[PDB]
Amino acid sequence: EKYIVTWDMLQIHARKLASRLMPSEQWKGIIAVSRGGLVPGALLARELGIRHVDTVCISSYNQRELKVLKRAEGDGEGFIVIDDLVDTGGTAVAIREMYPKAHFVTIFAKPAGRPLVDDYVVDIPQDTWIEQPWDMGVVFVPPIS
């Protein structure tokens, strides 16, 4: 099955998460995980009024290897690390390793990667594919007839 997420709904979830991160004063900045955390990070920055927004870029290369293309400085103290979702937590482990003192959060969370995040908004089944807004668009759809 597929879970369709529209921009409106994603924003509704982002505002819900933003309220739990209050007061905003306790945060020095936001570190968005490219590319999934970019949009959610932008919404939290707007809601919390945080202007210090940085990023962390990671790519993949028998085994799968994580490659840090771009890295945000520090250990994450006073920072919020955000990604759109946590499926298995394979990428979440790398982030935790780089930013141990950071408050890692996501919008969506499947069972397997759920223990790896400090907070999330929506629970999603392990076998369900979450279709994000940036991957979709408004186009013509033929009538069922």
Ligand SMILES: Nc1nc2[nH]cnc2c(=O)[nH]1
Second form
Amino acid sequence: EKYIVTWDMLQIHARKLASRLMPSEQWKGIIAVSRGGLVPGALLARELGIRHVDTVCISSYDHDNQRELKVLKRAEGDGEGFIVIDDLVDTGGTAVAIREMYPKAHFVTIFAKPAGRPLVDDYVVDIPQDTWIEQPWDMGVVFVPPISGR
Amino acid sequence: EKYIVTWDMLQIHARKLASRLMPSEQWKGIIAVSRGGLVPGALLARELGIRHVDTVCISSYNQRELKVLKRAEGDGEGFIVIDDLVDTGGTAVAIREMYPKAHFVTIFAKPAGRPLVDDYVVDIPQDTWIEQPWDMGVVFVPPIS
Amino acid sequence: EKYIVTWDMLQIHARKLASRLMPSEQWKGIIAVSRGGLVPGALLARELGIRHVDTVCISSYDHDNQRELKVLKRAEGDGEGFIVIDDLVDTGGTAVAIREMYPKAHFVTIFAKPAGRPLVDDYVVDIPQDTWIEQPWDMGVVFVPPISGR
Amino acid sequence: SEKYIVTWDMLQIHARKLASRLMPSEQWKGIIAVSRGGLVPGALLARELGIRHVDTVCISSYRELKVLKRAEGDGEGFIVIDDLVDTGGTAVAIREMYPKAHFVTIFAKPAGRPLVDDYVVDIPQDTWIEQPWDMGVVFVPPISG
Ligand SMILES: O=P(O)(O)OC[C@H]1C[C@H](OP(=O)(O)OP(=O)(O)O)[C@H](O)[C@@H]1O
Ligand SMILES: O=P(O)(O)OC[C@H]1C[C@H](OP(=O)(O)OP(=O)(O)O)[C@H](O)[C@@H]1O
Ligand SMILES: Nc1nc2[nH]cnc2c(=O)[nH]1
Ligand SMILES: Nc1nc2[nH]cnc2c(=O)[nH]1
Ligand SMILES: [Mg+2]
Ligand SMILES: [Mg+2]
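Now show me the form solved in complex with the named molecule; what you just gave was the form solved without the named molecule.
Time for the whole complex; same chain goes first.
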């Protein structure tokens, strides 16, 4: 079962999150967790009017029951006065790592499953563990055959 | 409170309803309830491959009386009657009367009008206004600042 | 070669067409050519406030170099005071047939190719003959694999 | 003139056509997105090309430029992306900072078209490009009341 997320819906959720992050003066900038948090971070930057947008690149490859993660690029700092945004939190593996790198940052996401829900400071939509979130950047408008060939 | 429905999502729901109407060979045609059922009817017609698409136009006049501007012929046997949603089921009662043998379906359905439909896709609260795609558009929205 | 038409864009064109059809008081109703003109007709009906929407169902069948036309259902009258709308005109084969059924009707479409262009009373977008118009109702938002497996 | 409307779907289509030109992907070390216009396009290229190293370059006006933050290096092996190039004001500044970088944009106007290595859509000098992140689906009253 999949939870389809179109661009329009994502933008709606992002604006709802931005309204909570007001005022925008309390924020020095935004730290987007590449690559998923890039689009939501761009949207928050637009709504809050933040021009200082940085990133934290962390690749993770699962090997059976253990994860091998490495920070390809890291934003200098502790996240003091910064908003760390990611598209979603599933198991919370990434969230835990991010919180250790930027403990003084306001960690937020758009979607949050039950596992990673206690790790984020704020989120917008609740999604089940068994439900797979299909993001807009992974989809596209293409031809789809009729249910029937009548 | 409001419930926003984009074209993409409406089509996703239409395709789910279309799958439940299979096989398409059991249907003679589709009667769309103007104007709400026009788009959903067009989507079903595409998915099921039904080319016989007709319409039923109803207008409103102490009491609120119904007025049939245009009507599709028949009692609805072998036809699908489609409307975008059922709130209280006022218009739903009128359609049921005209096409008793038809398979009345909608995309959305609120608690009050839920019993009047043969099938629907999404449940919506009674107090929630469903904002359909044909009433919206992509325009400039000022930053929250 | 192809031309992609999203729901948003189709609606933009439909609203532009509705503007030229004003005032709406001069129209008795709308006759949509199923199935292509169904969505465009619905949009016009909403924009113009027309509640009288009817249809004309004509089935085609290409048998080599000749067409087999069969009218499944048709609106009454000659289209006097009515707006007959279809999504597009390619060769103009359908347009000719419809114009002969409703001679007093204002025939309009959203898209128009050079061949059928002279057959309509009004249209919105010019499309080349070699270009295939991909309508929204034939498409859908689904997963699309990355251009590379990096 | 008038306004060139760009929806999310269309922007993504242009982004994919650009991505196919930047192949192979192995020739790139990373992507430098120009804040804030190149953030979304940069995210789409990163997904299509499979590049996980994405940095940013933030510039503010006051005109003389001001670098709020800048990515490291001369941009050798990197792709610098912005959503568009109008006159090339900010483009000239990017060239100076990341000389050995491959500068690309989605849209390009006559005046700024030379200052970029590659783009996808040509837009007139007097036409205002309305980006998706500045718009939203809201209720739009019917043309006729
Ligand atoms: O909660 P976790 O189980 O730790 O995973 C959630 C992560 C991973 C996924 O990104 P990736 O799958 O890492 O890929 P991408 O870089 O494209 O975002 C998603 O966008 C979040 O950042
Ligand atoms: O200019 P022509 O070459 O005559 O074709 C243009 C017609 C045919 C096509 O519909 P169909 O292919 O007939 O199917 P549908 O009922 O789904 O619109 C399109 O929507 C126009 O109505
Ligand atoms: N797109 C996507 N990526 C993920 N990575 C981990 N969980 C998810 C999910 O639900 N969706
Ligand atoms: N979708 C679609 N249907 C057509 N039927 C004839 N020409 C066309 C076209 O270009 N697009
Ligand atoms: Mg991620
Ligand atoms: Mg047709």
